[PDB]
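Protein chains: 6
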Amino acid sequence: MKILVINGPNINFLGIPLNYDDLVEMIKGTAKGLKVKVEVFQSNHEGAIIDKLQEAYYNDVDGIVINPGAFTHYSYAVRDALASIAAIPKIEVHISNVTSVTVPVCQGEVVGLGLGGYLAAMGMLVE
Amino acid sequence: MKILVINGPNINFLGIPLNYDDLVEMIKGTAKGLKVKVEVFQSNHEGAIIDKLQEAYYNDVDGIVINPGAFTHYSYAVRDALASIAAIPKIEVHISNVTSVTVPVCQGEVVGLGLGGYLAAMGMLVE
Amino acid sequence: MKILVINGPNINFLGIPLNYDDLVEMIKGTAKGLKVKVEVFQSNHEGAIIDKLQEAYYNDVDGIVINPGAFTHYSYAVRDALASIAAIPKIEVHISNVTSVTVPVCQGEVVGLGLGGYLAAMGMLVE
Amino acid sequence: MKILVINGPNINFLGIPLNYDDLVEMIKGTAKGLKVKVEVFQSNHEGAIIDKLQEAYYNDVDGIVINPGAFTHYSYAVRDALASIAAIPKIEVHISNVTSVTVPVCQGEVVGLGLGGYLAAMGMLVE
Amino acid sequence: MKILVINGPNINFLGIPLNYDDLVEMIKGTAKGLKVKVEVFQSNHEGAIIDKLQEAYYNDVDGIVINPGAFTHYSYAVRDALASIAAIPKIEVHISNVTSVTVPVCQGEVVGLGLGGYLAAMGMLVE
Amino acid sequence: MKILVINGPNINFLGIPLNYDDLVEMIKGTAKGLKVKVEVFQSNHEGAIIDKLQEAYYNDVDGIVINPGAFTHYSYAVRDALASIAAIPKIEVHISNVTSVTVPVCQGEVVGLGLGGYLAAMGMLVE
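Protein chains in written order, with the entry's author numbering: chain V, 1 to 16, 24 to 105, 114 to 142; chain P, 1 to 16, 24 to 105, 114 to 142; chain T, 1 to 16, 24 to 105, 114 to 142; chain 2, 1 to 16, 24 to 105, 114 to 142; chain I, 1 to 16, 24 to 105, 114 to 142; chain E, 1 to 16, 24 to 105, 114 to 142.
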């Protein structure tokens with residue numbers, strides 16, 4: 001099984024005590040534990056996220072974990088990108104207790128569980 | 001006469024039975040029929056569309072056909088880019104029967128006529 | 001694919024700056040672009056239009072584009088002629104922003128797009 | 001860091024397609040990924056859970072994950088056992104979307128995330 | 001003292024009689040007068056602005072002047088980028104007399128003073 | 001281009024941490040930046056301000072920046088002096104967030128921007 005994790009704008013500035028590299032290592036260590044392959048991606052560009060989602064359709068990704076950051080509350084382009092790949096299961100993640116445009120085009124949401132929310136989302140895709 | 005056709009985010013995933028390459032062939036074939044030159048462009052980046060609109064002003068484009076996709080419903084930056092080039096006539100196009116921020120800064124809109132909407136828009140710029 | 005274009009009374013007096028021969032050249036050029044065969048016909052006689060619609064049924068026309076002119080608002084004979092050939096898809100076209116008796120027996124209407132309305136109608140029959 | 005996972009009555013009958028041994032392997036694999044030691048325990052006896060909670064106090068467990076099953080809705084004895092060890096952080100977990116007596120004596124609850132809820136709870140204790 | 005000036009989308013099309028190169032020369036001349044070092048940046052990409060703000064945090068910039076253009080009215084990503092660097096003082100600028116999402120995360124706003132608004136904003140950071 | 005800056009009563013006691028000599032150096036440095044000649048004048052006498060405004064008319068000053076201090080709230084003589092030289096553009100400046116008699120006989124007011132308000136006013140006279 002192959003999983004793709006997508007982080008939106010500003011997420012790389014976690015810790016600015025756990026930082027973004029701590030979250031990446033927790034995700035990569037959990038992937039070995041669950042016996043899955045994982046790719047982790049972050050960008051500040053809305054278009055680079057849409058390109059990464061379109062690349063996932065051509066690369067047989069088995070499921071997607073996404074944290075859009077602030078794009079959750081205004082990016083109808085990322086909503087419609089997630090709607091264009093409806094064959095792939097996706098879970099939306101929020102680190103803090105953040114109405115949203117990307118939720119109804121996803122198979123579930125995890126909110127307010129801190130850095131543990133990604134680990135639930137990966138578990139929900141293995142189930 | 002030189003026409004520029006601009007496609008917004010997600011439009012390259014048409015048919016994911025007619026697809027995006029079928030639409031490009033229909034536009035390029037119709038340009039020869041109308042005896043005009045055409046450039047067709049697509050990007051998932053909001054800033055690449057604004058760069059392409061600014062490039063058109065320095066390149067003596069005679070008219071613009073634009074399908075913003077989802078940016079129609081939230082991109083005040085693309086609205087104000089179209090407002091900055093008021094000397095050039097533009098037609099907005101929607102493939103499906105989709114309130115919009117980009118409409119009042121254009122000379123017309125074509126809506127819900129499928130892939131035929133681009134062919135009306137090219138005709139309306141020749142007239 | 002074979003297309004038939006029918007123009008009603010008075011349409012030959014367009015431009016009495025684009026005239027009727029400009030419209031015929033736009034249609035014939037666009038047909039090569041879309042890789043289709045096209046016949047363009049005009050008459051001032053209501054009965055010659057009904058004869059042309061009956062001829063089309065015996066000639067394996069794949070789709071019809073029609074602009075009835077003023078007959079749109081009173082010719083129940085042309086309505087019932089279009090109803091008699093229900094196996095063939097037809098699009099109704101109006102050049103200017105014109114209740115209509117011929118619309119409910121057609122697969123769609125295109126209105127107020129100038130001479131561009133024929134090009135959308137040909138696109139909608141290829142789709 | 002040392003974690004203790006406690007499962008209540010009936011939890012060993014999961015899958016009577025994922026079963027209880029699948030959940031134990033997911034937890035043990037995730038523990039290696041997070042670089043923590045884990046003990047996983049299940050019993051049908053209310054008193055054996057209270058003995059295990061009392062043993063944890065003498066064994067320097069750094070955090071507890073607990074799924075009481077039905078005891079959530081009536082066991083004031085397990086509530087008061089969790090209250091007696093207030094120096095140790097605990098997270099409560101429910102597999103399905105199950114008022115509760117054990118919740119207010121814990122640092123958090125995770126509900127309805129399936130077998131993924133344990134993985135969030137371990138993350139929330141590492142954070 | 002080191003100052004960073006950020007211009008958003010469309011600002012490079014000022015005067016399409025003073026233009027964007029006049030504004031850059033006024034800012035660079037004023038910086039020598041105030042005895043400060045200045046960097047002036049412009050982009051049409053929302054993500055390139057967020058990258059430039061994140062780069063400023065690693066480069067010990069003493070204060071920021073920002074004119075977001077249209078992003079002022081919808082970019083919650085640029086708002087949250089400005090919030091992520093709260094150690095650095097920022098002034099927001101609007102050339103024309105433009114409710115705004117980026118204002119409450121800045122230490123002041125200058126509005127409707129034309130190209131003079133940048134000179135006040137530099138003064139307010141030297142003070 | 002020649003600019004005249006007039007400061008009213010009490011302005012020489014700024015900082016009784025930036026003082027009046029700091030403000031004069033900021034103005035003289037900004038004048039070199041904008042490529043303009045500047046004269047800076049201060050007096051506690053209402054009549055010496057009126058003499059300086061009458062001198063400006065005979066010396067072809069291209070624009071005036073004025074901070075009247077408290078004379079803003081009662082000096083109809085300085086108001087009518089500014090009205091007597093309607094051929095010269097003037098900007099009124101207030102350092103702190105101070114109804115006024117001198118405002119309607121000026122081309123604009125700048126208020127509450129600290130010592131930055133003078134630099135905006137010089138920018139507005141070059142524009």
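It should be emphasised that the hints constitute simulated quantities derived from the structure, not laboratory data. Hints may be right or wrong, so weigh each one.
[Said to hold, decoys possible] 16 angstroms max Cα-Cα, derived EDC-like pairs, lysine to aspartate or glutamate: (1) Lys39 (chain I) / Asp69 (chain E); (2) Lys42 (chain V) / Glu62 (chain 2); (3) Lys42 (chain T) / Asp69 (chain P); (4) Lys42 (chain V) / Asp58 (chain 2); (5) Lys39 (chain V) / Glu32 (chain 2); (6) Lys42 (chain E) / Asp69 (chain I); (7) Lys35 (chain E) / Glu53 (chain E); (8) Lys42 (chain I) / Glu142 (chain E); (9) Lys42 (chain T) / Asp29 (chain P); (10) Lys42 (chain 2) / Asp69 (chain V); (11) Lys59 (chain T) / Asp87 (chain T); (12) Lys59 (chain E) / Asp69 (chain E); (13) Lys42 (chain P) / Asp29 (chain T); (14) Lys42 (chain 2) / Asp29 (chain V); (15) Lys39 (chain T) / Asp69 (chain P); (16) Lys39 (chain P) / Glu32 (chain T); (17) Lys42 (chain P) / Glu62 (chain P); (18) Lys42 (chain I) / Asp29 (chain E); (19) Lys42 (chain P) / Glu32 (chain T); (20) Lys39 (chain 2) / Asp69 (chain V); (21) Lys44 (chain T) / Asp58 (chain T); (22) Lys39 (chain E) / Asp58 (chain I); (23) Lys42 (chain E) / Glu62 (chain I).
Okay, the hints, checked on the actual structure:
1. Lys39 (chain I) / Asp69 (chain E): 24 angstroms, violated
2. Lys42 (chain V) / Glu62 (chain 2): 33 angstroms, violated
3. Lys42 (chain T) / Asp69 (chain P): With Cα atoms ~26 angstroms apart, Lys42 (chain T) and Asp69 (chain P) exceed 16 angstroms; violated.
4. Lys42 (chain V) / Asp58 (chain 2): 34 angstroms, violated
5. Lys39 (chain V) / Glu32 (chain 2): With Cα atoms ~12 angstroms apart, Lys39 (chain V) and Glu32 (chain 2) stay inside 16 angstroms; holds.
6. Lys42 (chain E) / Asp69 (chain I): Roughly 27 angstroms separates the two Cα atoms, so the pair is violated.
7. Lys35 (chain E) / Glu53 (chain E): 24 angstroms, violated
8. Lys42 (chain I) / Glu142 (chain E): 23 angstroms, violated
9. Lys42 (chain T) / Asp29 (chain P): With Cα atoms ~12 angstroms apart, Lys42 (chain T) and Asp29 (chain P) stay inside 16 angstroms; holds.
10. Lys42 (chain 2) / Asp69 (chain V): It is violated: about 26 angstroms lies between the C-alpha atoms, which goes past 16 angstroms.
11. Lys59 (chain T) / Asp87 (chain T): 14 angstroms, holds
12. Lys59 (chain E) / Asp69 (chain E): Distance ~14 angstroms between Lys59 (chain E) and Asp69 (chain E) Cα, so the pair holds.
13. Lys42 (chain P) / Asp29 (chain T): 12 angstroms, holds
14. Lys42 (chain 2) / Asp29 (chain V): With Cα atoms ~12 angstroms apart, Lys42 (chain 2) and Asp29 (chain V) stay inside 16 angstroms; holds.
15. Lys39 (chain T) / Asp69 (chain P): Given that 16 angstroms is the threshold and the Cα spacing comes to 24 angstroms, the pair is violated.
16. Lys39 (chain P) / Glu32 (chain T): Holds, because 12 angstroms separates the two Cα atoms, which is no more than 16 angstroms.
17. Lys42 (chain P) / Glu62 (chain P): At roughly 23 angstroms apart (the allowed maximum being 16 angstroms), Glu62 (chain P) and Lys42 (chain P) break the hint.
18. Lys42 (chain I) / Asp29 (chain E): 12 angstroms, holds
19. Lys42 (chain P) / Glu32 (chain T): The hint holds at about 10 angstroms.
20. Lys39 (chain 2) / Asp69 (chain V): Roughly 24 angstroms separates the two Cα atoms, so the pair is violated.
21. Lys44 (chain T) / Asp58 (chain T): Violated, at roughly 21 angstroms.
22. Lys39 (chain E) / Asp58 (chain I): 34 angstroms, violated
23. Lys42 (chain E) / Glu62 (chain I): 33 angstroms, violated
Hint compliance for this structure: hints 1, 2, 3, 4, 6, 7, 8, 10, 15, 17, 20, 21, 22, 23 are not met, and every other hint is.
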